Structure formats: C-alpha cells, structure tokens
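Visitor: Single-letter residue listing:
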Amino acid sequence: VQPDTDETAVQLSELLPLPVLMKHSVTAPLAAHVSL
Amino acid sequence: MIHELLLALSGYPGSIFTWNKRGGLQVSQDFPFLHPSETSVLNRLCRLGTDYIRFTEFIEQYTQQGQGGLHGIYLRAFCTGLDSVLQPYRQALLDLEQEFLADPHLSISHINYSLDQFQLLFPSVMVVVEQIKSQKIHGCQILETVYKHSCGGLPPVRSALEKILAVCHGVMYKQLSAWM
Amino acid sequence: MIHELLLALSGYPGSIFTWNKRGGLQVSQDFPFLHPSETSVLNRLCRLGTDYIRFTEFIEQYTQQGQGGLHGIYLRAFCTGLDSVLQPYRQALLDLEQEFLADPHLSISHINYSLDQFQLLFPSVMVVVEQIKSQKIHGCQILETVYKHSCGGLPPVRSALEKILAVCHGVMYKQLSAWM
Amino acid sequence: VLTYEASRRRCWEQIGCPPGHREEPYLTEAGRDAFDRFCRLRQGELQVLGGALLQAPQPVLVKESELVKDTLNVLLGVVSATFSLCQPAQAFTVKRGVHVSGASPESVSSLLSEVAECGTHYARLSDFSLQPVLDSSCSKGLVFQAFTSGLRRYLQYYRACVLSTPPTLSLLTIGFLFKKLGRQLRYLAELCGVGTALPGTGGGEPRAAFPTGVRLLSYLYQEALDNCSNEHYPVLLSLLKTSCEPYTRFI
Amino acid sequence: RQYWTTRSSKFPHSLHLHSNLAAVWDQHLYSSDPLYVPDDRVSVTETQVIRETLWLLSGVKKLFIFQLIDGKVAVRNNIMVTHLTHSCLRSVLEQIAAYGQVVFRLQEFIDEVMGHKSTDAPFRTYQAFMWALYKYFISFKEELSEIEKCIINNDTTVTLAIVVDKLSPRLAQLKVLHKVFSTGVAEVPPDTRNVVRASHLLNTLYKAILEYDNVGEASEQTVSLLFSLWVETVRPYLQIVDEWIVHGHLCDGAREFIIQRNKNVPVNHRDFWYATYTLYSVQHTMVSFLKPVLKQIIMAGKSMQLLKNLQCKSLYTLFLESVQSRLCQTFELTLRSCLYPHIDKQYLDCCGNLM
Amino acid sequence: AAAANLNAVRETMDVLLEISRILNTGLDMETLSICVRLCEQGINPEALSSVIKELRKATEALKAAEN
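Protein chains in written order, with the UniProt record's numbering: chain A, 1359 to 1394; chain B, 1 to 63, 75 to 191; chain C, 1 to 63, 75 to 191; chain D, 286 to 536; chain E, 223 to 338, 353 to 518, 546 to 575, 591 to 605, 681 to 708; chain F, 10 to 76.
Calculated from the structure, these hints are not laboratory results.
Mixed in with the good hints, there may be bad ones.
Here are the simulated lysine-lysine pairs, DSS-like style, with alpha carbons at most 30 Å apart [what the hints assert, rightly or not]:
(1) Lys174/B with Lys283/E
(2) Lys464/D with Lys185/B
(3) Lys464/D with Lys21/B
(4) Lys147/B with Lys464/D
(5) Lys283/E with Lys371/E
(6) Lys147/C with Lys159/C
(7) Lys371/E with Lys591/E
(8) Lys465/D with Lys147/B
(9) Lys159/C with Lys174/C
(10) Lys411/E with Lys21/C
(11) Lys21/C with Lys415/E
(12) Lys21/C with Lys294/E
(13) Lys415/E with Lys159/B
(14) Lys185/B with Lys21/B
(15) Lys411/E with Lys174/C
(16) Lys411/E with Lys147/C
(17) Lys185/C with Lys554/E
Short derived list, chain D residues pointing at chain B, Cβ under 10 Å [stated by the list, open to error]:
(18) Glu314
(19) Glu330
(20) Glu399
(21) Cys423
(22) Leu456
(23) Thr458
Cβ coordinates follow ideal geometry from the N, Cα and C atoms, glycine included.
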C-alpha cells in the first residue's frame, strides 16, 4: 500500500538514489546482521 | 477557432496548423479572414507552436542523457527546469483559454499580444538549450553554455536560464553531496 | 461631401481639393452640389487649411541640429507650443466631425459657424509666425518678438500667446536657474 | 412604449441611420459556435478532396460538458466512450472523432487522443496496480505482493486527487495537472505493460510486461536507483523505501 | 469579397454623395469625362480599413491593400472607398505608412537583435537594446490592443485622428528614437568590432539623450523611454563595471567594451594594469562622460583585478536607484549626479579596498 | 423597420426632453409620450392645456395639503 505524492521517501530514495540510501542503511545493516 | 490553436499549443495539431514540428506549425492556406493579418497571426502563433512542439519532443527525450549521448542524469533535470519554466507558460495558456471562453467576441489579436512575452522568450531559451544539447556537451559541459552565458541580456531568456540554473545549482549540490 | 472636405482640412488633401504647395489649399473646381461662393467660403477655410499645412511643415522642421537654420531649444519649443495650441484646434475639429457625422442633415454652413472661432484665432498667429520666420530670430530674440506681440488684442490669440510665452519664459527661467 | 435604446454604431460610410451589424467578424476573434462551422467546413473540404475518409472522424458532436463527463470517467482510469478499452485497445479507444467548441474533430480529437493515451495508461495502470491482489496464487513471493499492493494504494491516493476536482475542468488544464502524473504513469507502466483487451503497453513505452518475481524487485531496485527524482522515479523511490519494510519482514 | 476574401467590398450604404465620396468623385470623373474609365479600385469599408490598421499597428505583416513593400509600409493603389476620394485616402494611407515603414524597419531591427562566452561575453549592448525595444514595442502593441478592443466593441469607432492622438507620445518617440537608433547603430558600423560598435552606440546614445534633451519639454514620455533604453544599455556596461570591480573580472569578457582589454597580460604581471586595463579603439573609443572618469576607472578595474588576485546593491543596482530618483534638460543632470556621488564613491572605495 | 421606429421615437423623445428642459416647463418624463400622444388623437389643444394646468394646480394643492 503506497501513499499519495508523499515526497518523503520519494526524495529519500531519489535525491540520494534508491540503492544509495538502501546500501547506506539497510544493506549495511544487512551485512552487519549477516556477519553477526 | 482558438480551440485548435490551443490544441496545437497542448500538442494536438490544428487541422490548418499541422503542428508536426518537423514540418513546423504548417498553416494550410484555407485562411478564414484570409488577409495578411490572419496569415501573419497564424505564422506568429505557429512560431511558438512549432517551438513548443519541438520543446515537448525534447522534454520527452529528456524523460535523459546518461545514454550514449552527453552522459549525465542532468538532462532529466534540464527537462524538469524547462517544464517548470513552461509551467508559467502552461498557466498562461490556461488563462488564455479561460479568457477566450469568456470573450464571445474573442480577443485573438490581444491574446497574441499578451502571449508575445512567452513567445519571444521561447526563441532565446530554445537557442540556449540547442547550444547545450546539440553540442552534446556531456556532464555539466552543456551546463557551461548557460552558466558562462550569464552575460545574457534577454531578461525573459535570463529568467528561463535562471530557472534552469537553479536546477543546475541543485543538481551540482546533489552531485557534490554524493561525492562527499 | 463633408467628411472628405474635413479630411482635406485635417492636413491630408483630398481630390476635389488640391493642396498646391505654392498655391495654398487650392480646390479643383469641377464638382456639383454647391454654389461657387459656398466653395468660396470653403476657400476661406482652405486659407486656414493651407496655413495648417505650412505650419505642420514648419513644426516638423523646427520640432536636425547641423543645419544653418534657427536652432536651439527655442525652435523646438515654438513648434511644440504651436502644436499644443493646435490641440484645441484638433479637438474642435474632432468634435465638429463627430457632430456632422451624428446629424443626418448637418449643414456645412453649420460647420463654418463652428469653425469661425478657430478661423478668428488663426490668421493673427499665421502673421506672427511668418514674421518670426522672416526675422529668423534666435536666442532670446524671438523671446522678445514674442514679448512685443504678447500685448495682443485678439482674445483667443492673446490667451494663446500668453500660454506660449509662459512656456517660453519657463524655458528662460530654466536656463537662468541653471545659470544660478 | 418609449423605453427603447439605440445602437451607438455610427458610420461615415452609412450616411443615414446606421444600425451597426459587422461583417461576419473574424473567426479568429470570435468562434466556439461559428468557428465550428468554419472548421467543420475545412474538414469537409479536406474530406471531399480525400474521398470522405473520416467516417468516425466526422465530428462526434461532443458537448464540452459531455467531454468533461468522459474525462471524469477516465479520471477513474475507466474506459469512457472515447476511452473505451476496445479489443485492439485494451484501454482508451476514441469515439467518432469528437469536435471542439468551434472546431472540426481533427485537433479536437487529437488533444482528446493525447488525453486518451493518458486515460488508457490510467486504465491499464489501475489493472497493473491490482497485480498484488490479482495475483493471489503468485509463485513470485512477496515481491509482486508488496509492490502491486503499493501500486493499488498509491493509485487510490491518486484517485483521491483525481476525484477531488470538479469534472468540468479544461481538457488541457487537466492534462497539464496530470502531466507529471502522466510522466509517472508512463515510467511505471513502461515497466508494467497492462493492456487487457488488446494486451501490451499500459502506459509509457511499448511495455510488453514487468520483470518477474523478486527479479522484478531486482530490476525495480536498480531502476529506482538510476531513475530517481521524477514523476515515477520519486514515486518508485518512495515505493521502494516502503517495500524495504517488506524487506524488513523478509529479513 | 473582402481583403480576407479575394474580392473588393461591393456593398451599399446610405445613398447620395454624402456617403458616395468615391462614388461621387467617380461620378464627377465619368460625367465630366465620359471616357473617365474609373480605375476599378477595390471598394473597401472604412471600418474594415480601421480593423486592418489596428492589425498593422499591432504589427501585421501586411494587408491586401496595406501590403508592406520594400520593408516600408506600402499600399496597393488599386483600392478605393466610397466614403472618400483617392487623394484623401492616399494621404491617410501615407500618414499611417510613415509610422508603418518606420515600425517595419524598427520591428525588423528588434527581431534581428533577438535573432528570431566563458571568460568572454556577448555584446550585451545589443541584448540590452533588444530588451528595451521589447518594452517599447510592447507598449506599442498594448496601444494597438486597446485599439483592437475598441474595434471589437463594434458599436463605437474613433477617427484615425483619434488613433493618432492616442499614438501622440508613441509616434513622437517613434521618430525621435528612429533618429537616435540611426545614430547609435549606423554610427557603430558593421566594421565596428564589439568594442567599436558598443562605444559608438553608447556615444550616440549619450548624444541622443543630450539631443532629445531639447526636442520638446513634454517629451518626458519619449524622453523617459529613451532614458530607460539608455539605462538598459548601461546595464551591459554597468554589469561589466560591477564584475570588473567586484571580482576584477568575471565569466564576461565581452570585448564589447571600448576599453582595450589586452588580456594577454597575465594576472601575475605588472603590465596587466596597462595592457588589460587599456583603452580600446575600434586614446580609444572614449567618451568624456567616462573618459574623464576613465583614469579612475582604469585604476579601479586594475585594483579589483589585483584584489581578486590577492585574495587568490551592485553598481548597476545603485545606478538603477539613482536613475529612478532622477527620472528641455539632458542626460547630463542624472548622469553627472550619479557619476559624482555614485561613481566617485565606487571608485574611491574600490581603490581603497583593493589597496 | 420597427427598430427604426423605436430609434425615431427615442430621438423625438430626446428632442422633446431637450425642448422641455429649455422651456423649463417643469413637466415630468411621465408626460414623455402619454401626454403628447393622447392629445395626438386629436384633442383640443387649448382644452388639453387647460386640463393640464388644472391638474398641475390640483397637484400643487395636493402637495401643499400633504405638506
């Protein structure tokens, strides 16, 4: 379920590209969790 | 009357003014009120009409530079800036259509005079954009055409380039944010 | 046959009326529908018409700095003042035109009765202007020929001279104010 | 019986009692009813030169009210009369050449056809937005589920925006109001391809389909990383940030 | 059967010679001379002619009758009007066509100026003139639009004398600025390089400000239009001064400046004060309004370039404020007042700060 | 044609209004046409004028009595 033209996540993964912030936060935490 | 004209402004080729930008706003010589006033008005409108047809085609191509052309995601931002400039132009077209609806006796000549500001600013911005893109200056090399074009005397073109340069400054800030 | 006779007196000669340069506002006398003496009154008006033509020529020639003729702000001011006086004449002409166009039967005799006032104020100014041109006065010289005529006797002419002399002495006042 | 007024039109060519009647003034300076006859005559002359080759393109006499109503129809992404999801259309298919207010059908229905491309993309896109719910027996995992559930809810929000306006807006104004929305739809549907009656594109490029399974997640993530900060690129970026929560559950 | 159509207007009005002026004149011709075969001048409605004239005032490319020939406004002498005679109609046509040809050439010039570097710049004087012409032609077209609204009333009309009176400041400024533009442009020859053309145009603009200074004391409309155009033209030069006084240089090096920008002198060179800060010919294309200021101008430009090197309301805005405060008399009043207070303060402060 | 009649009636009414304003008669616009046109049926102008004068005197008396 996605919202209306809610610019928050749109810009979060757009101004800083989607995989950019994704690797900064999730994939980095993903690697940390896998190592742990 | 002005219905087909605004349709061509909106991308819908008028039957007379066939707005296929390759052939331009090709005005068929079936002119109602077929005096040189009417024909001249058709040509004056067709100037901005073909300009906007080409502009819309370019914005669709910029819906974009990272390909084999001048590489860079900034072409989509340039399309966004041009569309932001046209947003005043789109609002002008909408207001003109509203006025045409209000005026039974349509003020076609006055409408052309009123929209002449945008029509005149269109050639300069189009020339600047052609310098940026047809030169295929990759990255902000195409940005240089307008950035060092700061000695641009045309206040209308100056404002359009100012919108484009706000977009460029934001894009450069984002690029610097990445590189930092 | 009224509207064109007015156009011919408006500084744009007609066809039954021939504005001969040296023959003044002459009239090709071949048309029907009036008496020649009606044409004679029209010729009395054509005196003022030719005067207006010559006055316009002079005003445009004295409204262009390297010529040997009289120059300075004085000549341009004289042309401007004569034009501003003709503004009452132009306004009266326009009002009379509207009245004649409004009336189904508005006699040219009525047009004459309306234009008698301007014809009354006209000739004295024409004589004064011809004298000023013959004097070729410059500097405050014309400003004193004016002061000589500013004791005039024609009430409309006297008032017009007062206004023009006010404009002139205002110019002199400005010059002296710079000198002060 | 003396309350009458008169015409101020006074002519120097009419030397008597001038009424003032013009000369059938310039259709450029006045149309919307007479320009209709003129443009229809021009279209008919072109048709007579070409052998009456319009049939449907012969003006579908469309009241501006009727056009606005059909626009409100496609505002739900529905298949209006000029937006019918015909067999070889899957989506907006034009009516019999709607004319404009004081025009023939060529430019009128041309702008209508641009708006019809928009509404056809809307119909197909709404079908694509139903991909999570529709693919209940989906062998692709929570990828299609979260993504197209997001599509359905975002289309619900978009429908809230669309229905928030009166159905009597100017066709050009509405199209401009959805131009960014149109770009978002084109970019998303080029990755969707949701034609139903005539399959294929559901908006955007000739979108045959969308990528498969969580490979659709992979392609979508790469695309959202590259195509960012646009009508669909920011919309897809927000959708990916949301599906990160589906990724949190997948963790 | 109009100029819109391909036929002369053949319609009647209220009868007799009161409205039959061409028909009355033609009767005089045919009856006086039975062989007076009337030149079949296409009858035209006076009000239709008025509508066409409104289009031409707005800038119509031509008319079936009022076809602009040879660039200038011209008329097909094969047209007539029952409410007027050929000669009178011709006189009215010529009265319109004076400004018609002037504005034809003027619109051609404006369009050519519109056309419709990196450390260098464009000849910003040309673009400033284009913008000023844009504003002026905008005023003219707005007047034409008001006339068109009056026509669209279709129940009220105005004598062409009335239209001319509305165009009184319009036509006056038209002639005056036609002469002024002749001066500025033709004096800046095609041979005149960007520097030469700008210097000649600026000298002619100052001279024209001093000339229309006394073309009438009420020319403040036309005079104010010329003053605004001169302010715009200075805006190229004023912007150049601001750039060469803030950063000492900029991305603008137009070579439109009458100053000899011998840029071969490096930043780390003593000769950069002379070569780059030299006076350019086509001692140079110097005007005493700036030539008397030229010594301090070279000092301040060298100072700003050196201050930028040492680090390694603008002049236009303050000048605009002064010009608004200022705007018969000439450009000397406002120009001298700004040059003394504004230019003197700028020069002294720039020299001191750079030092 | 009827528009011409209406325009002519308006023009005659305006001429009559000007004539009345110049005469300073004090007659109202209500006697625009009704007063003249009714006499136009061939009324005795002296008798009609006397009747109008009597009406004016009675109206003045009525206004004074009301006041």
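Visitor: Would the hint on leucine 456/D be counted as holding, given a Cβ-Cβ threshold of 10 Å to chain B?
Guide: 8 Å, holds
Visitor: Hey, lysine 411/E versus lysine 147/C, does the alpha-carbon distance stay inside 30 Å?
Guide: Roughly 25 Å between the alpha carbons, so the hint for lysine 411/E and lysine 147/C holds.
Visitor: Would the hint on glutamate 399/D be counted as holding, given a Cβ-Cβ threshold of 10 Å to chain B?
Guide: 6 Å, holds
Visitor: Quick one, are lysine 411/E and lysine 174/C close enough, alpha carbons at most 30 Å?
Guide: Cα-Cα ~26 Å, so holds.
Visitor: Keeping to a limit of 30 Å between CA atoms, is the pair of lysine 147/B and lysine 464/D held or broken?
Guide: With a Cα-Cα distance of about 27 Å, the restraint between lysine 147/B and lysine 464/D holds, given a limit of 30 Å.
Visitor: Starting from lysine 147/C, check that the Cα of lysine 159/C is at most 30 Å away, please.
Guide: Holds, because 16 Å separates the two Cα atoms, which is no more than 30 Å.
Visitor: Compare the distance between the alpha carbons of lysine 159/C and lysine 174/C with 30 Å, and conclude whether the hinted pair is satisfied.
Guide: 15 Å, holds
Visitor: Can you confirm whether the C-alpha distance between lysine 174/B and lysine 283/E stays at or below 30 Å?
Guide: 33 Å, violated
Visitor: Under the criterion that the straight-line Cα-Cα distance not exceed 30 Å, is the pair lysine 465/D, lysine 147/B satisfied?
Guide: 26 Å, holds
Visitor: Under the criterion that the straight-line Cα-Cα distance not exceed 30 Å, is the pair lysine 411/E, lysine 21/C satisfied?
Guide: 24 Å, holds
Visitor: Is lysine 185/B close enough to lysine 21/B, meaning Cα to Cα at most 30 Å?
Guide: Roughly 35 Å between the alpha carbons, so the hint for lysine 185/B and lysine 21/B is violated.
Visitor: Regarding the hint that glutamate 330/D lies at the interface with chain B, is the smallest CB-CB distance below 10 Å?
Guide: 7 Å, holds
Checked against the numbered hints listed earlier, the structure breaks hints 1, 13, 14, 21; every other hint is satisfied.
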